[PDB]
Amino acid sequence: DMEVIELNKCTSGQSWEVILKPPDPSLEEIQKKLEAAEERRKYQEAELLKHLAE
Amino acid sequence: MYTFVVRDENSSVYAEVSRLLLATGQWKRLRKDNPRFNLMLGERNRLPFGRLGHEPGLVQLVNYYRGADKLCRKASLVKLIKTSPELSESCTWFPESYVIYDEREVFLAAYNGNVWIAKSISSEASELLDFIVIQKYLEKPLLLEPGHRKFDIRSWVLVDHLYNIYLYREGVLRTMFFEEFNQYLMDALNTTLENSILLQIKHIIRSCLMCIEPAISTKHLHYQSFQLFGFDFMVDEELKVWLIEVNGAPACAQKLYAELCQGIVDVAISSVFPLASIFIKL
Amino acid sequence: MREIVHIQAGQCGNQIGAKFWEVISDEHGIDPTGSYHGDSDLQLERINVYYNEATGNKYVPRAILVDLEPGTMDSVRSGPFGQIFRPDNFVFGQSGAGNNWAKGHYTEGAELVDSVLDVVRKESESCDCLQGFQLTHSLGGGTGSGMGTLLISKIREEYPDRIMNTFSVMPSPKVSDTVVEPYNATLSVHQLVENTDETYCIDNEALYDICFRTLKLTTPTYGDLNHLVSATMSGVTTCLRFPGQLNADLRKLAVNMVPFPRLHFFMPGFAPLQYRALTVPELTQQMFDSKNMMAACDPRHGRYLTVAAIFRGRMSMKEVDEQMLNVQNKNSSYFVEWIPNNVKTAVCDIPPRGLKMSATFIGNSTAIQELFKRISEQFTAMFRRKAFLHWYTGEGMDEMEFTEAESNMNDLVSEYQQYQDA
Amino acid sequence: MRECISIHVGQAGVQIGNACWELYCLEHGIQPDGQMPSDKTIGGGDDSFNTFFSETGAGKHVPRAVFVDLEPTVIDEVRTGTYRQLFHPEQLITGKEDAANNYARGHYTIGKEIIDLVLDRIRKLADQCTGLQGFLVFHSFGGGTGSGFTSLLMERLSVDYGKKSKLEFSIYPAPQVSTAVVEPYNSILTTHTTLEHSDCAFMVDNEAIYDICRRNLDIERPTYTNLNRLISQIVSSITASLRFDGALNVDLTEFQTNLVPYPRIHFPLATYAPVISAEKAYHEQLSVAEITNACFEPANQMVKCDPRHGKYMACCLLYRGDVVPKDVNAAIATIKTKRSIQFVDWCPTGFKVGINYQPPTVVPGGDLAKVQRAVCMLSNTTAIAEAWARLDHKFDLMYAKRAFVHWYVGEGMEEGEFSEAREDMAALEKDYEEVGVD
Ligand SMILES: Nc1nc2c(ncn2[C@@H]2O[C@H](COP(=O)(O)OP(=O)(O)OP(=O)(O)O)[C@@H](O)[C@H]2O)c(=O)[nH]1
Ligand SMILES: Nc1nc2c(ncn2[C@@H]2O[C@H](COP(=O)(O)OP(=O)(O)O)[C@@H](O)[C@H]2O)c(=O)[nH]1
Ligand SMILES: CCOc1ccc(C2=Nn3c(nnc3-c3ccccc3OC)SC2)cc1
Ligand SMILES: [Ca+2]
Ligand SMILES: [Ca+2]
Ligand SMILES: [Mg+2]
Ligand SMILES: [Mg+2]
Numbered sequence: 005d006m007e008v009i010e011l012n013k014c015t016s017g018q019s020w021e022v023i024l025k026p027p044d045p046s047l048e049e050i051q052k053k054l055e056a057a058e059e060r061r062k063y064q065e066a067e068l069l070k071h072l073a074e
Numbered sequence: 001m002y003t004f005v006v007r008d009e010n011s012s013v014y015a016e017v018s019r020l021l022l023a024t025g026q027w028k029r030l031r032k033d034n035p036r037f038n039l040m041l042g043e044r045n046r047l048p049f050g051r052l053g054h055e056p057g058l059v060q061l062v063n064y065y066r067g068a069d070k071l072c073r074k075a076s077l078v079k080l081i082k083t084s085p086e087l088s089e090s091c092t093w094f095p096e097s098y099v100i101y126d127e128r129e130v131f132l133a134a135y136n144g145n146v147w148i149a150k151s162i163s164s165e166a167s168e169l170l171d172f173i181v182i183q184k185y186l187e188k189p190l191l192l193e194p195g196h197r198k199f200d201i202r203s204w205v206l207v208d209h210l211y212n213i214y215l216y217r218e219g220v221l222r223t262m263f264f265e266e267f268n269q270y271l272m273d274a275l276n277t278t279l280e281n282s283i284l285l286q287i288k289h290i291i292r293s294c295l296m297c298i299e300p301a302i303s304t305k306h307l308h309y310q311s312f313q314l315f316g317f318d319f320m321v322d323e324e325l326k327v328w329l330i331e332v333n334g335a336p337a338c339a340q341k342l343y344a345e346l347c348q349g350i351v352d353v354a355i356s357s358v359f360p361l362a373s374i375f376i377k378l
Numbered sequence: 001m002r003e004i005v006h007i008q009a010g011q012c013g014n015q016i017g018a019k020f021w022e023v024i025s026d027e028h029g030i031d032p033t034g035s036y037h038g039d040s041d042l045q046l047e048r049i050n051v052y053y054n055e056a057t058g059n060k061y062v063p064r065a066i067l068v069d070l071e072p073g074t075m076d077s078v079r080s081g082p083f084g085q086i087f088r089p090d091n092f093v094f095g096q097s098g099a100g101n102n103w104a105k106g107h108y109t110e111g112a113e114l115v116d117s118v119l120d121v122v123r124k125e126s127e128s129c130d131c132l133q134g135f136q137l138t139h140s141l142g143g144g145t146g147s148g149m150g151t152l153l154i155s156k157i158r159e160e161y162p163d164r165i166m167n168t169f170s171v172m173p174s175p176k177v178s179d180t181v182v183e184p185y186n187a188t189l190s191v192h193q194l195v196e197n198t199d200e201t202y203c204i205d206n207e208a209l210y211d212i213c214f215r216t217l218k219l220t221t222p223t224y225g226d227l228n229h230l231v232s233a234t235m236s237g238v239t240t241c242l243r244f245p246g247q248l249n250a251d252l253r254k255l256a257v258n259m260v261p262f263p264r265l266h267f268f269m270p271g272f273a274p275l282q283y284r285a286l287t288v289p290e291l292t293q294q295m296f297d298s299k300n301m302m303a304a305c306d307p308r309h310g311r312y313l314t315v316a317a318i319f320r321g322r323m324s325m326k327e328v329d330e331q332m333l334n335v336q337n338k339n340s341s342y343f344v345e346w347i348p349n350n351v352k353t354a355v356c357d358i359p360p369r370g371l372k373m374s375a376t377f378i379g380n381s382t383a384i385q386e387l388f389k390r391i392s393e394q395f396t397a398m399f400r401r402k403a404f405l406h407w408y409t410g411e412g413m414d415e416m417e418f419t420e421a422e423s424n425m426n427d428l429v430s431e432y433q434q435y436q437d438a
Numbered sequence: 001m002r003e004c005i006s007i008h009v010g011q012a013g014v015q016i017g018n019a020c021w022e023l024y025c026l027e028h029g030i031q032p033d034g035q036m037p038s039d040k041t042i043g044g045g046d047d048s049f050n051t052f053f054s055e056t057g058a059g060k061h062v063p064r065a066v067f068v069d070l071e072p073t074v075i076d077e078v079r080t081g082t083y084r085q086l087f088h089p090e091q092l093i094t095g096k097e098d099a100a101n102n103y104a105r106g107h108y109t110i111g112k113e114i115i116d117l118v119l120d121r122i123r124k125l126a127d128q129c130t131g132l133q134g135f136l137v138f139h140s141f142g143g144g145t146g147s148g149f150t151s152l153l154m155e156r157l158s159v160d161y162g163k164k165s166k167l168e169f170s171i172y173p174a175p176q177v178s179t180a181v182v183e184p185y186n187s188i189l190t191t192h193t194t195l196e197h198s199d200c201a202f203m204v205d206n207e208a209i210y211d212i213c214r215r216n217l218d219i220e221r222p223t224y225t226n227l228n229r230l231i232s233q234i235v236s237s238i239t240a241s242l243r244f245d246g247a248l249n250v251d252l253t254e255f256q257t258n259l260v261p262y263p264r265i266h267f268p269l270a271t272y273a274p275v276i277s278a279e280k281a282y283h284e285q286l287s288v289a290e291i292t293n294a295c296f297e298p299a300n301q302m303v304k305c306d307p308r309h310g311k312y313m314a315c316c317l318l319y320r321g322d323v324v325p326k327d328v329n330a331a332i333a334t335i336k337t338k339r340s341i342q343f344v345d346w347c348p349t350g351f352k353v354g355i356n357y358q359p360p361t362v363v364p365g366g367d368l369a370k371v372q373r374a375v376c377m378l379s380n381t382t383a384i385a386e387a388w389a390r391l392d393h394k395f396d397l398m399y400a401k402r403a404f405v406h407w408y409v410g411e412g413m414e415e416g417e418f419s420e421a422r423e424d425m426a427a428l429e430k431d432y433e434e435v436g437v438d
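Chains as they are written, first to last, in the entry's author numbering: chain E, 5 to 27, 44 to 74; chain F, 1 to 101, 126 to 136, 144 to 151, 162 to 173, 181 to 223, 262 to 362, 373 to 378; chain B, 1 to 42, 45 to 275, 282 to 360, 369 to 438; chain A, 1 to 438.
Hints in this document: simulated from the structure, not taken from any laboratory. Incorrect hints may appear among the rest.
Within a straight-line C-alpha distance of at most 25 angstroms, the following computed DSS-like cross-link-like pairs (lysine-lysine) qualify [stated by the list, open to error]: (1) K62(E) x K112(A); (2) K70(F) x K112(A); (3) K280(A) x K326(B); (4) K352(B) x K338(B); (5) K288(F) x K74(F); (6) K305(F) x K326(F); (7) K352(B) x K62(E); (8) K311(A) x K70(F); (9) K305(F) x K184(F).
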């Protein structure tokens, strides 16, 4: 025994429902993440340029 | 040259199977965590069925059926039979069982020979409930002579990737093999093992697997499956076979290891991976 | 537009560098004068990767020739494809290296190292998107080995975000010129570990065994050994020069083939090394064979971290995929299990000259440790008696610097052994 | 009428978008130059197709989509393609060098540079909307651009457009069709980041499509064209309710209401049928019941898994073609008596059905044959966690040895993000186990 409910029909087509059985970070916080990673790149590169200078 | 891995050291049966594969010279054993394999002898608990059949250019095969735990568990077997239209409550070969953690009020209604047994034996209901499924204990079993003793029958069943049910001709009786047991029936009860007992056995085995077939079948899956089962039966004085339990990873008789494990390779392994009958098909 | 600045240094590097430009000019249909005379548009779709377009629609190779003596570079200019190279890109000294790494990296080499960078920088300003740098040299010499590593260190200082790629040629007792070759090699490897991203180990011992045992050449010359390299370099840079379904930009090659920043030494392989056409399973079997390895290392003595293979020519792409997956499944004991699908394969539709189809092999195998071990045994054998060190100490070097190179290389070997037992 | 904006990130997102917008123009009868003879209201209008198309005075129907990729080589093919007159030049955003299969390089390094430009270009189309619903993001788990930049883009879209829903069309990495080996790395990282920004994500395993194009289309080595033209059919069936008059899934809100009971669990298992080869001359047109039963076949799913051992939470059936309500319900009754359909105890065992009278359109000269009826099932099965299990296992193999990690740390990213992203996935798999597994 199934039941069809909410049957709506339109030129494009029709639709219904059949039942069988009842039962965020802000803009600032994101900028901090990006600038912290960019700064670590500059640090790792600075240690490289320092190592080469040595 | 096919490949296979081993992920179950406690396996007594597949210890011989893996031994025969290395004796063919066409099967190579790899590491237990090596994804590039053709055959898998996985473990019993929490087998990764999800990572099977996802390797390019590799037809993978596993020695277990996913979803077969509904038949190899105590509470599941009782639930499977009572909730299946092809089995239902009116099941002739299955004893009266009840799941207790449920079916507590249902058990006391059928309680009012009145001896039961709980497992996962006493005539009184109160004791049983206090200990803790509850099955109707067969108070009148078949007794062998001489000895006046109780026994049971073990049958090994192998189901390949094509879901063909194969029954091993050589069974055992944990009181004795078929050849000795067949002679006893013809001399005491004037009947054969084929007709009196084995017929009902082939019925129980076939009915259980066909019931759970569309739930565990690997016909249209990305990986095939096969599994060796161990059915345990019980015979009363009226020569009627009752189903007790089904084992997922059963053992085999000592003298039958050589014959049975060889058969597994032939119809469940070589059928998928050919190289360069002892089973009764149902 | 992904442009690569090619650099060849020293006698060896220039001679094998010239042969490299010979083949790819033939593949891209470029006559010795520098004009285009091909037949397909696929030869010019990615021609800007190695070639600079001139005024009269010509294609001048983006390459820089470096040496401390004009003896080798004048041979290239007087060669078959010598009038195609840019006249200003010929930077050479007069003194020479004298098979000395010290003279090439500290004294004589440093007097010319800035003259090269002035050409390097000029070739970089015309790049819409500088891909990286390709160096071709040997490690048993002085110019290519000493000044070569110096250029790498100098370029990395100026271009820290550009990929460094080298074609280092390994010295061997069989094919040797001097006795100080292990000294130069050890001092070069230490530099390649810290300042490069990719390095193709090309052993002359392997190049000799191929010519002698496989090619049946009773007396192999340098010109014969260069052919193996020239065909190998053609296969490696196939996807880089020809439009593929993988879009190669060199940087991806570094990210995929190099799991650890110190383990980036690859093993080149080529097949075939005849009129009878080879089939797909035949090319694949030879491609992983030890007789086609150009690093003199047995793949069965180690395990493959990453594997890249390229197939050129018209062939059943399905069958190719099968044979590749076949090797991985028949030899799963030589591939690490902690790197899923560590074997990728692409197919080029344009075959090289002379062959209707070929296959080039690149593998970061841990068996490459034997290559560094062989050098370490030859190094310590001489260094324990301080032999031939007066050629180096007289250039301002100390024994401490040699010891550091010995330790740094032995530690490298320990790393390859570390992941081999994983 | 409420408009929607599509976003195509990375090579995978763009090329797939090409197959969809091509199919979109064929369904609405829109010529490549942008003209639409069917549309009588020139310059304006608020019909069902105006949600994905904008109109100019010349009568050109400009798609509401933005293509973004760190390399121009992919989008340049669209600039000189057949539909070069269809898109506005400001909709196609290209950078210099790509992410080179690196999540960190596309999320932190290069992504930071071009994120402000993209949002400004998205704002351009956002101002042309009287009532913007949300966004449709097309990307891949494997690519450094489709994972790195997408994760960053999805964060900013939750800031500049908080009251807007965002649906995804991600592409699960497969070994058969792959470009890198660090794709499991990129996959986990973009999942951990976008999990708190995505309302509903439809995963499409490349392995499935690859095996579907081999089994049904009889193609040995399927190209991206064959893959995209097939994926477009699925996307078209899902977005059909948005582009055409309907009552089911009319907006980007109902997709979350009808398929996503739990926010974290927003990965519906899509299944399409039938897939018919064009080269076939004589074919039997499958009936309504036959294609509905095929939805419960693993060989027709977008992700290879076994829904039988998983529990459903919500299911939707989208029909296109000659389909009547009588035959649909007749099929559902039959399936229940053969298939192991198990729903959770806290949800109604039922099906939401939508029917479109217009038959599925196919690309002329393609590899898909014209059908009279089809169906695309949207089921939120807990057995889709197998996709995460496989992926996370390949993650654990490499990360246990710390392989390829330095390529991510060298781009500014910290090693702690790996463990953070992994412990999040371990919590995700635990959720699926608490729902489906008894
Ligand atoms: N279905 C489909 N999948 C694709 C397509 N292109 C790429 N992929 C998948 O996406 C994965 C990575 O490729 P992309 O996501 O496109 O990488 P990208 O967008 O170019 O970004 P980069 O990493 O910077 O190169 C591959 O492993 C493929 O499986 C496509 O056109 N169609
Ligand atoms: N394969 C190959 N190796 C060479 C060639 N010329 C020199 N070599 C190697 O390079 C070493 C000699 O160093 P060399 O390159 O001449 O010194 P440099 O160029 O001045 O730095 C020897 O060990 C040779 O094995 C060549 O043409 N081909
Ligand atoms: C094992 C890890 O997975 C990988 C994924 C992608 C690649 C790429 N190939 N590539 C490049 N440049 N030269 C090559 C190459 C070199 C030799 C042979 C075959 C090649 O590929 C056509 S760029 C990226 C490599 C390995
Ligand atoms: Ca001087
Ligand atoms: Ca209109
Ligand atoms: Mg010399
Ligand atoms: Mg790309």
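Status of the hints after comparison with the structure:
1. A distance of roughly 15 angstroms separates the Cα atoms of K62(E) and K112(A); the hinted pair therefore holds under the 25 angstroms criterion.
2. Restraint check for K70(F) and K112(A): not satisfied, since their Cα atoms lie roughly 53 angstroms apart, outside the 25 angstroms limit.
3. Restraint check for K280(A) and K326(B): satisfied, since their Cα atoms lie roughly 22 angstroms apart, inside the 25 angstroms limit.
4. Taking the CA atoms of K352(B) and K338(B), the gap is near 17 angstroms; set against the 25 angstroms cutoff, the hint holds.
5. As the CA atoms of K288(F) and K74(F) are separated by approximately 21 angstroms, the hinted pair is consistent with the 25 angstroms bound.
6. Using a Cα cut-off of 25 angstroms, the hinted pair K305(F) and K326(F) is violated, with the two alpha carbons roughly 35 angstroms apart.
7. For the proposed pair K352(B) and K62(E), the alpha carbon gap of about 34 angstroms is over 25 angstroms, so the pair is violated.
8. With a C-alpha separation of about 15 angstroms, the suggested pair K311(A) and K70(F) falls inside the 25 angstroms cut-off, and the hint holds.
9. For the suggested pair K305(F) and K184(F), the alpha carbons sit about 37 angstroms apart, so the restraint of at most 25 angstroms is broken.
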